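Here is what each chain is made of, one letter per residue.
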Amino acid sequence: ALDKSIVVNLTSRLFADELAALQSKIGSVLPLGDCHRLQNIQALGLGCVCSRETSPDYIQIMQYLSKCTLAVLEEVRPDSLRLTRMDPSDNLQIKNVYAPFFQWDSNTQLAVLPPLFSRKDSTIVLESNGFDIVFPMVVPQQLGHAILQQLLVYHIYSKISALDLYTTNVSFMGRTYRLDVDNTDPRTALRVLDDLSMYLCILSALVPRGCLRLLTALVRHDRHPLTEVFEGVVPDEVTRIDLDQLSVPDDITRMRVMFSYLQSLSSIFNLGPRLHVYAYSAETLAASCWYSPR
Amino acid sequence: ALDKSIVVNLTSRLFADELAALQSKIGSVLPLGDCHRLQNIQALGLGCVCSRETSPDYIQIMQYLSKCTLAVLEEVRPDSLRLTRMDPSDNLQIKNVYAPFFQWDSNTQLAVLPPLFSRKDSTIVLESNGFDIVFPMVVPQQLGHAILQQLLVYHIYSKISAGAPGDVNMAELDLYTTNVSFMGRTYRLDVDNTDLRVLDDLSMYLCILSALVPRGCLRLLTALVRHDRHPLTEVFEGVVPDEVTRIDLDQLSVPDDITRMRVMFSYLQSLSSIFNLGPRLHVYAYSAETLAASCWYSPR
Amino acid sequence: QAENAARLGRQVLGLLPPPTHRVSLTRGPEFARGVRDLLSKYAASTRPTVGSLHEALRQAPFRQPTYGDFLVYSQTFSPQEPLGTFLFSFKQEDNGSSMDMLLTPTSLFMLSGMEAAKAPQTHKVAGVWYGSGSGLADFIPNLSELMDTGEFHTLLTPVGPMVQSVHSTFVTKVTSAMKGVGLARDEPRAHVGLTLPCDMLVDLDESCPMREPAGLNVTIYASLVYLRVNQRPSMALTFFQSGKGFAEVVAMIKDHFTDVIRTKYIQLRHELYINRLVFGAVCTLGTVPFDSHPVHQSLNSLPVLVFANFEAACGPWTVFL
Amino acid sequence: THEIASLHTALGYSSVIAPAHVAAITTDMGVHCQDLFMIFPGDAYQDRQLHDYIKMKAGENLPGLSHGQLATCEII
Amino acid sequence: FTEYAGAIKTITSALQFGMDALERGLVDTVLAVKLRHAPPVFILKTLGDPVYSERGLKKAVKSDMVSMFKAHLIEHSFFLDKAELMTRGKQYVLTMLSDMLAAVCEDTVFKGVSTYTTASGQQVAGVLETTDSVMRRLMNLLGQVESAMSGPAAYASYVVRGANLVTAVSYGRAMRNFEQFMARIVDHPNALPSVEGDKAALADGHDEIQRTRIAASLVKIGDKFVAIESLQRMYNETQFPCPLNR
Amino acid sequence: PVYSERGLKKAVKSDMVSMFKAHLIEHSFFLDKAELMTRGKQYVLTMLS
Amino acid sequence: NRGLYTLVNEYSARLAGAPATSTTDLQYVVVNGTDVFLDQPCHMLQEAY
Amino acid sequence: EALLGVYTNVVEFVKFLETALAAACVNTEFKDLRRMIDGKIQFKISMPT
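The listed protein sequences correspond, in order, to chains L, V, P, C, A, X, S and F. The letter at position 173 of the first sequence is residue 173 when you use the working numbering, and the numbering goes up by one with no holes. The letter at position 96 of the second sequence is residue 96 when you use the working numbering, and the numbering goes up by one with no holes. The letter at position 53 of the third sequence is residue 53 when you use the working numbering, and the numbering goes up by one with no holes. The letter at position 63 of the fourth sequence is residue 63 when you use the working numbering, and the numbering goes up by one with no holes. The letter at position 75 of the fifth sequence is residue 75 when you use the working numbering, and the numbering goes up by one with no holes. The letter at position 19 of the sixth sequence is residue 19 when you use the working numbering, and the numbering goes up by one with no holes. The letter at position 5 of the seventh sequence is residue 5 when you use the working numbering, and the numbering goes up by one with no holes. The letter at position 9 of the eighth sequence is residue 9 when you use the working numbering, and the numbering goes up by one with no holes.
These are computed hints drawn from the structure, not numbers from a lab. Ideal placement from N, C-alpha and C gives every residue a C-beta, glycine not left out. Some hints here could point you the wrong way.
Calculated cross-link-like contacts (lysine-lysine; reagent style DSS-like; alpha-carbon spacing at most 27 Å) [to be verified]: (1) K41(P) with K31(F); (2) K95(V) with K67(V); (3) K40(F) with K34(A); (4) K199(A) with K44(F); (5) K254(P) with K67(L); (6) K220(A) with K90(A); (7) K21(X) with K82(A); (8) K111(A) with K31(F).
Some chain L residues flagged as far from chain V (calculated, every beta-carbon gap over 12 Å) [claimed, not checked]: (9) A1; (10) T11; (11) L19; (12) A21; (13) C35; (14) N40; (15) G47; (16) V72; (17) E75; (18) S80; (19) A205; (20) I241; (21) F259; (22) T284.
Here's a subset of chain A near chain C, in silico, CB distances under 7 Å, partners left out [to be verified]: (23) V33; (24) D81; (25) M100; (26) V109.
For reference, chain L alone in the conformation it holds in the complex:
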């Protein structure tokens, strides 16, 4: 049948320092540019788009990540790096050594993200060859979304400033985290926001009137656990739109268009290629999964 193997030639013998970090991460996922057996080291890193002196733009880096093929390491010999390949759709072992550690189980779902917490921890530099190698981060799909949710909010509220506890902290059950923003190029993260101004004001035009009248009946006295956003007071805008009388066949045409544009919001909140894990071992930290196509 099909083989999958990439062995990487390298022009200098690696030091014992940098080999100890590579021996630590023997099971890891890093993307690379071309589909061949032999390969130069300048394609193995994710740092062809994310270098130090270049200001990184994590949306464009994540935009970069869906293009490339993904690969898993097998051995780290002191001359040649040896990797295995991931093709849709193939079952394969994957092992998480990833440093901001989360816990998985059987029947979980994953995604691949650029490093958004600690670049210095998740990237090792190679002083022997002069080229650095950048590792992406694998995240379950709930936090896979919820970090991108915060980074889109952040570029909204850095432009208005032309403080940090509300904008830079990704929330999760049990833990809070710090996003890495010191030097970010907003221009590729703002074109996504440029399309968000397109979808969101169209959705403000076709608003169902009955579903506005539902909140005027709800949030004044009927208090629920998931309506604490409004804090018990109606917004001033919602009283203005509900002056019209209700009729069913107006909203039937509206709610289908409300339905059809939420089909489009998949395309702007996309992750990378997804990973549907069926079996995960706990104490071994190995797993098994099939790589999804883009």
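Assemble chains V, P, C, A, X, S and F onto chain L, guided by the hints.
Same frame as chain L, but now just chains V, P, C, A, X, S and F:
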């Protein structure tokens, strides 16, 4: 080369009455929580997530179906059921026994949706094990993106009539929602308004958007003035209503507005995916007298 | 005469799905000898030959597509085609016992009715396969109203390329392909690729370079745009070839159709109909492998691209704007 | 594929290359000078009407070249 | 039949192409190993003379060498091109190419080993390489006296058989000739290393290789016999650039 | 083949034209140039070989 | 700055900083180290002629 | 009209061992080279005074 077969064993023998209901649907598509061949009863329905004692859900089922593996009945032998495994992009055969009866045609796209109708149409209760198996609601995609919509509108006006009688006419509400037109044909669905607790979560989410979206998009327009503005956003200022543009954003403070905008996006991606992407499959041939449709399953 | 029947003893027992790997435990570790295609590194010698590697070539992957059999009026499907065109199954209501309606992209250009300068090549060619546009408009009377409320992208199910078509006077049989590489009927051991007219295809990745990564995959996308010309609703179908992934091309298609968004939405400062807001849809016509060269052709002229090793994998219609 | 282990036995240097025979000059020794407008495009004068004037007085543009592959000069 | 047997010819000619595109890989990478360790003449020549390094590399001695790296590059570079315009001519090349020859450190462990030999038992010193344009120049100025050499017909084996495999599996090392290494320590101790006895252990099986008849070009330079090979035929039949052209 | 081993780029063709000029001016009517040189027969032989 | 024996070993195998392109219209810097064979004796000697 | 011949190149392979380049090398056939990690050669130099 590869072998696939899913054989579920039981603890107690079946009754003679319950065997005729499983022989009624000898072809179907069950969900199945595990990939291995030997398995216990508690996963092969929707009884693992949805039950009578628990509150009925829509979204936690729709989170479950895309994560779950599908399987097809081949032969029912007491007590050991015999399912067949579904593969990514595999050709197999389906008989279409689902209550109520929607008509299948070839070259339609099958969309697996959770059952939101009455109990006796959906499930078959196994009295020997005391566990409920639940067959999913297999509906073509254009119906499945429309059979949900008119009911979800109907659930909203049920909440308005229970709070205030004068705003909703029942004859206006019933005639426009429970009658569904598709393929030139009509379908009068079972309303079950005898007491729709399935769609209460979606009735919460779409409304919380509908107040926060026009509050949201005003701040997102004014914050993005550039010399490098994308030129299509100049056009869409004419689309927003004029009443929307007259919000005084000074009333909500900055610590309130960060909570709103994170609430703004976090519902959007959780609500978009549960309309969009479930286990969805194609059918290339159909025969009405045999009621057998050859299919093939496309994951994601 | 049984020698002819002995041929079917060879070919049918030679061409089967591979059986399930099931060996009883009392035989022992013989089952490891029954695993050959998972072995993927064959030994080489100083002078290797076919007799050294005839076992190596014998294991091959299992590839068999699923065909579609359509019974079409001979008026709608034009009787001569280049045997690799793309198709569509339009569906309104089962009125007959078995009659089906199929749309080539040259035919859907005729139901559209757009201006000549949008596609300056196919307008001459699609004007001679058919009449003035009323030969096909008689079957769908709702082509004015299917464009207003925007239901036309919900009624097309993309099928794939042709394989075979036996033509009669009134009824034309069409054998289409799904799931991948359709086997060519007339030429043995050949494979039918997907052919598009050069006018309808719009490439997406094109650079000076002024670097993009390689891959194994590039995905042809279908598009279909609702617009208005001469104050009359009409559609516009374009194709795309890109391997950028779905998160980029939706933003890239918006830059291609910028002017079409602008010239329409000047109208709705006056009249705002919620039925009019729906604009376009994008399907996924299946993957193409990387670095296959699309080869130009010429037919009658009409330049037609071709894609070797095409495989089809249909997707939903998602409404972009 | 085929893999090679190659070592160097000699302590001292065992291989000596040399310039032997001149064949061609490709540099062409042209007196074109390098344009610093291209290297540092961001830095510009305060009056943007005047910076478009000095740029007019200095200046892919060549479709052909006769004597050879042209070479840049500097100014110190 | 002629479609079948015309198909077995194609796949062999695709696969004879497979092996013989890998034998070019040897001649590429071996020549690529040499050029990584090949400094030019003007750097190495003044390091060849020991008369400056007798006093040590002091602060002043490094500076005086630098003026001789400078002066040798200005004059004697492109040495074959200057020879056409000099009155001396043929002697000037013959001195300078021999001055290249004596600058090479020939210190090799295998120097006593019997290896590639000429006719009549004389000894090959080394191999120079040119391009095709320079090869006809040096062939005119210098005679090709033998045009024949002997050499090894096959490679030599090295297998990890025997007690090498015990240390390979259990430990992580593989001894070079463990049976030759074992008898020196425990079986035949306290013997000083004698060259005429060590050479049989230093031969490492490069003796007992069957000799053969190799066709190549030779030349006579002083006391040393040099072989001349220009590799453009293995590079310009495949239309790749040559690494000799710098 | 040492000249066009890269492919006939725009930098190679001008090197190949500038040698058309320098060979037509210097070495043409080579049997007429050899009637006055000091070397003589070497100039004919290294032209004709 | 290091010892000259190390600089001889580094002269052949390490294509040093800021090289010039070949066979292309203007003097660009080459970043693709797969092909270019240039040897520049201008760093070790620190001169200009 | 007529075919007058089908003329085809034949690639004569050139073994590395039968080049005269291989006098500059020592060639040993080594069976399992993927198994080896590192090779190592040790010199001992005595220097009398």
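Against the structure, the hints come out as follows:
1. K41(P) with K31(F): It holds: about 17 Å lies between the C-alpha atoms, which stays within 27 Å.
2. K95(V) with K67(V): Given that 27 Å is the threshold and the Cα spacing comes to 24 Å, the pair holds.
3. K40(F) with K34(A): holds, 19 Å
4. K199(A) with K44(F): holds, 16 Å
5. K254(P) with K67(L): Within the cut-off at roughly 20 Å; holds.
6. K220(A) with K90(A): Holds. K220(A) to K90(A) sits at ~15 Å (cutoff 27 Å).
7. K21(X) with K82(A): Since the Cα atoms of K21(X) and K82(A) sit roughly 23 Å apart, the hinted pair holds (cutoff 27 Å).
8. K111(A) with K31(F): Holds: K111(A) and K31(F) sit about 26 Å apart, inside 27 Å.
9. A1: violated, 9 Å
10. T11: holds, 41 Å
11. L19: Non-interface label stands for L19(L): nearest chain V Cβ at 38 Å, farther than 12 Å.
12. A21: holds, 35 Å
13. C35: holds, 22 Å
14. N40: With a cut-off of 12 Å, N40(L) remains clear of chain V, as the shortest Cβ separation is near 33 Å.
15. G47: Per Cβ check, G47(L) is outside 12 Å of chain V; nearest 27 Å; holds.
16. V72: holds, 20 Å
17. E75: The claim holds: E75(L) sits with its nearest Cβ about 29 Å from chain V, beyond 12 Å.
18. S80: holds, 33 Å
19. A205: Non-interface label on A205(L) violated, nearest chain V Cβ at 5 Å vs cutoff 12 Å.
20. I241: violated, 7 Å
21. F259: violated, 6 Å
22. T284: holds, 19 Å
23. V33: OK, holds: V33(A) within 7 Å of chain C, min 5 Å.
24. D81: At 5 Å from the nearest chain C Cβ, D81(A) passes the 7 Å test, so the hint holds.
25. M100: holds, 6 Å
26. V109: With a minimum Cβ separation of about 6 Å from chain C (threshold 7 Å), the hint on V109(A) holds.
Taken one by one, the earlier hints fail for this structure at numbers 9, 19, 20, 21, listed in ascending order.
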